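First up is the structure itself, then whatever we jot down about it.
Just one protein chain is left out here, and the rest sit where they should.
Just so it is clear, A, B and C label the chains in written order, and each chain counts residues from 1 on its own.
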Amino acid sequence: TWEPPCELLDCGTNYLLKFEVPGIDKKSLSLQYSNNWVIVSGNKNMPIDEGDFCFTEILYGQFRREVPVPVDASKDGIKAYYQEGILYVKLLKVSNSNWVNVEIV
Amino acid sequence: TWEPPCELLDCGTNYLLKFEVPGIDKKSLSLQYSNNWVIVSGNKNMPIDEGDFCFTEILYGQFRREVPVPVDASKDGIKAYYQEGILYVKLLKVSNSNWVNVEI
Amino acid sequence: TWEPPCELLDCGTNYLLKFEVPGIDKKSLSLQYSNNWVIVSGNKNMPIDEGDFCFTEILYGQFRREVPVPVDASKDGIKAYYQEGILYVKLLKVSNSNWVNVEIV
Partner (left out) sequence: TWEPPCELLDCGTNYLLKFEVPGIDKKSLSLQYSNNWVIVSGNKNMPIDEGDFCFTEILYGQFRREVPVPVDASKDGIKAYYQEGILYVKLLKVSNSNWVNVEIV
């Protein structure tokens, strides 16, 4: 139903991957890493409890985002945080990269 | 300047105006109410201190937003909180009843 | 140092990643794989042997392009076939796949 904008910073030691997800159900939040891809998915419930809509520009509902990650990013050591409405994913940088070469025919 | 998306809510007692402002400069942030207008403004700075861009689709910069507010919203009692990347502005409805509920 | 246009295709059994590299030194064409990232590179040098430029819209020089490739792309069994100015890369879809669930703290 919608897609959060993301940002990737190189901070030298690690990468830091960021998703702009203000005001989501922090219990619905889910992120997995796999083969240098990062998958975030979650849900943003309408405020049925808070009151009735007068107007709204806010996107509600289900969201998902698959985002590639540089080669020197490692599966082991990943951390994530949800602060001030941003999901931060801190990935470490493995040094070695198995730089296989493909033959063309 | 960019604009943050906003939404209004009626909740009987009070209107609840909301702005999505994730990762903004809390010291910059600035909220003023005048004449059925709520004006919100601040800065969301690029994170030069965190690292170096590889790509970004985040909007950075200075934001202003004027929102007009219903007429039964009161100038008094106005409160604003910032939490989880959302600025809530809670405006009180101007009361039409002389009777006062007693909370007991 | 330009980059050639490219294209991803899903063929069920396999993925097909294409690059348009027309009129390049077929000897310079390199193609490396690492961690779901493909890196194609090469050199396309001027036609000084054919003649002298009256005008040209054609990009000459060195080129590389890094393209990330989907999660179910397989590290093993990549075939690269060059035909008629287009460099094809057939990637195998994988069967089992390890994931990591990250905790959002």
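We adopt the following convention: a contact is a pair of C-beta atoms (placed from the backbone, for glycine too) under 8 Å apart; a residue touches a chain by one contact, two chains touch by 3 or more.
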item	value
Displayed chains contacted by the hidden chain, counting the whole assembly	C
Full-complex contact with the absent chain, from C:61, C:77 or C:85	C:85
Chain C residues that touch the omitted chain in the full complex	5-11, 15-16, 18, 20-23, 47, 50-58, 70, 84-86
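As a convention for this text, only the chains that are shown with their structure count from here on.
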item	value
Rounded Å distance, chain A centre to chain C centre (Cα mean)	26
Whole-Å gap separating chain B and chain C, where each centre is the average of the chain's CA atoms	47
Approximate Å spacing (C-alpha centroids) for the pair chain A, chain B	26
